[PDB]
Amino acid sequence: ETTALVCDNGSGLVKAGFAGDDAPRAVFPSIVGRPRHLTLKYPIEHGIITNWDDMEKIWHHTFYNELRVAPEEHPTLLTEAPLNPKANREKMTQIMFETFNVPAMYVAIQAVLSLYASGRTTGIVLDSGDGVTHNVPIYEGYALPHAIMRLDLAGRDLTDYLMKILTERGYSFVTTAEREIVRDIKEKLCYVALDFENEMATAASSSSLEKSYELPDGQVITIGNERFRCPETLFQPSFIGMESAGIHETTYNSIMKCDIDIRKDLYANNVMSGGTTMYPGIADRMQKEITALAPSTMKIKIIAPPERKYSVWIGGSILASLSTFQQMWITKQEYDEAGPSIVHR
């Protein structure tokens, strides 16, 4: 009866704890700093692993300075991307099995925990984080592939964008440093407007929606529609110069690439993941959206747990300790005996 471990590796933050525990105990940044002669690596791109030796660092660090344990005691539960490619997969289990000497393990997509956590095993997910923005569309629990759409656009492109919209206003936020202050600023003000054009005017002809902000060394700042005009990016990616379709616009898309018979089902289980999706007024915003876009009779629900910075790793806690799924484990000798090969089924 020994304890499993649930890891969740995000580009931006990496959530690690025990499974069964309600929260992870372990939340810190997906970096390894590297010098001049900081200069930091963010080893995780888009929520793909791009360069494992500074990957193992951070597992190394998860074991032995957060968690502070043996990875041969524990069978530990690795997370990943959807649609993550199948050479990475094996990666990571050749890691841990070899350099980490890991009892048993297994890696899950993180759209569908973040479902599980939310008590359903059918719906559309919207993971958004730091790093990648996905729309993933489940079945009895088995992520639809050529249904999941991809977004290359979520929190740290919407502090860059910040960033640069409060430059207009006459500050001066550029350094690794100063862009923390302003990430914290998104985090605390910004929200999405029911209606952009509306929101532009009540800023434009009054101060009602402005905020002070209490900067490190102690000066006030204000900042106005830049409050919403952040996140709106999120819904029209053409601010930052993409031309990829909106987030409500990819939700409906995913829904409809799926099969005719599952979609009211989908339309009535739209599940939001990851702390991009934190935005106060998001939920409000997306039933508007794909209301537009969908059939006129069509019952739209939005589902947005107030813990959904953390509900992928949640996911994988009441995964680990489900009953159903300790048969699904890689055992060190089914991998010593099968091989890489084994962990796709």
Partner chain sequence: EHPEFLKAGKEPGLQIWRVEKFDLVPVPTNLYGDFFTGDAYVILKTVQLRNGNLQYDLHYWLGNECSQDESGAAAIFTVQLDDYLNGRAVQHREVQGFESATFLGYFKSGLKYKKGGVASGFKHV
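Here, rigid core means the biggest group of C-alpha atoms that superpose within 1.5 Å across both forms. Positions refer to the first chain, counted from 1. What changes on going to the form solved in complex with the partner chain:
Comparing the forms between these two forms, the C-alpha position of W329 differs by less than 2 angstroms, with the core used for superposition.
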Given for the second form:
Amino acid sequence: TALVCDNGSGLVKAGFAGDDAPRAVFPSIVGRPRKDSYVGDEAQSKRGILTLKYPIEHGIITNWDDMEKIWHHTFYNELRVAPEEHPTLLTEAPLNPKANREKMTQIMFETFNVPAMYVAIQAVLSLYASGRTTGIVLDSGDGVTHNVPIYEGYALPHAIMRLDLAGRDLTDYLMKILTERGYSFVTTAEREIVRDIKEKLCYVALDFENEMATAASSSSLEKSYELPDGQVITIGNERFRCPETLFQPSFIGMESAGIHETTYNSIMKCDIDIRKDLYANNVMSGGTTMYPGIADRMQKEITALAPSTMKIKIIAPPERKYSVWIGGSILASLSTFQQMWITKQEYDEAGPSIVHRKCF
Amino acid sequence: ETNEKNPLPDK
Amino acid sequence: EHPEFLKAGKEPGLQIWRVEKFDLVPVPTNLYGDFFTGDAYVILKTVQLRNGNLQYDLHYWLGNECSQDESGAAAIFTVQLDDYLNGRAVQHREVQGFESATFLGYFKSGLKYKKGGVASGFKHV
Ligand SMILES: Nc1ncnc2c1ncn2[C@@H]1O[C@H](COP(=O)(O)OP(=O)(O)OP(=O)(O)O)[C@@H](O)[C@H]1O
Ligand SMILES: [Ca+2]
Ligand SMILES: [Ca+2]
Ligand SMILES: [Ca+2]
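Condition change, the form deposited without the partner chain to the form solved in complex with the partner chain:
First the chain shown before, then all remaining chains and molecules of the complex.
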């Protein structure tokens, strides 16, 4: 049975084609003491003796020796398979460098000896999982945010927007403003505690200025969080100020337009004839789109930017942390996908550049 | 059954 | 290569397939227009053009209760069918209760719904 591996800046999502969910989800980290190395959940717990490295940054693989360790860990420790037995669908970021696609292909065939493989674009898989062939995906993870317009099954490369503001930046900012509130979150161990606060307590305000005034004239927007040591801390307007950064990147000294503006800019780089279908099919995917209120806020913000007669629809599936993986699971399972794999034989005859002809 | 293997550090 | 692709868009007319556990399965011609709301379907309408060429409209119909694997598969099959037909098909997403006038017009006796359908192809994990 085919394997599906969705490698992210922060998390690896791995499983079997035909399952409704990944079997394994773990941090894309390699830890070394300074046993040579530890990968994933093992590296997290042993951080007292380990220095941690992330092989993927902003969606792009930049450390290929550590990435091989991630993949070995996926095959042997998590999925517990013999790689040589299983066709392997991998995912890539939009606009992933051509040499990266080739390197990925080379490693799979030459290091792991897979019988077949395929590389799919993450945002496109997410659109498929939503039961659409046309739309614009807002994919936001731990390391990167993209706007990816897609028409009749294929991304429009010229109109893709990249934003190097995502979950890790939000976590760092929450650390800063919680520090300002009197607490001390600065170390890497403490980063993960603040990430949990972010995931449990943060939300996107429908109207930001109104929310600030509510938090200033009430305490009903305040929440408590129990630290590991037992200390109960309070979170006030930081709850919505953190993710507001997505809409106002100036909050962290960035000159970039916020996610609503990049969405509009992306749509506007497309043919006027398809924009209507883009506006009606805004699909959110990735962990950083999980904030309560984000879909309603995006609806409001894009409505304000679009022509007043445009039908705007934000689709935010509850399962959208795994949408990319699920799309891959469906794709790999289709009776019509059997001929679409790059086989080991095809790789032997053509070399790594086959990926550019077999995988859009 | 998905196992998300990402535990938080203790004191 | 898929046997149903080889059959697709050869002559003028209506062709309907149902997504059944990650496969495209032809719907019996006598049952055209009776849609299971627990299911997803792919519809190809082939029209003879005066210029000798064939016109293609691909509609993927999504039932209110169809599972994610089925709606996902219907969307992908549509893309693949379109590519197989040299990109010449126009793709249409059709949702139960919100189908286009042109889609509804394909069914001379009128499109109808029934509850139920084939089980999901997903393994729950
Ligand atoms: N409920 C939640 N609210 C806010 N953020 C969340 C929530 N759940 C997860 N996240 C964040 O989403 C990110 C992980 O999501 P995802 O797996 O899509 O990213 P990735 O694929 O690792 O990174 P990228 O796609 O940027 O390469 C983390 O930053 C995590 O803190
Ligand atoms: Ca991702
Ligand atoms: Ca069904
Ligand atoms: Ca087409």
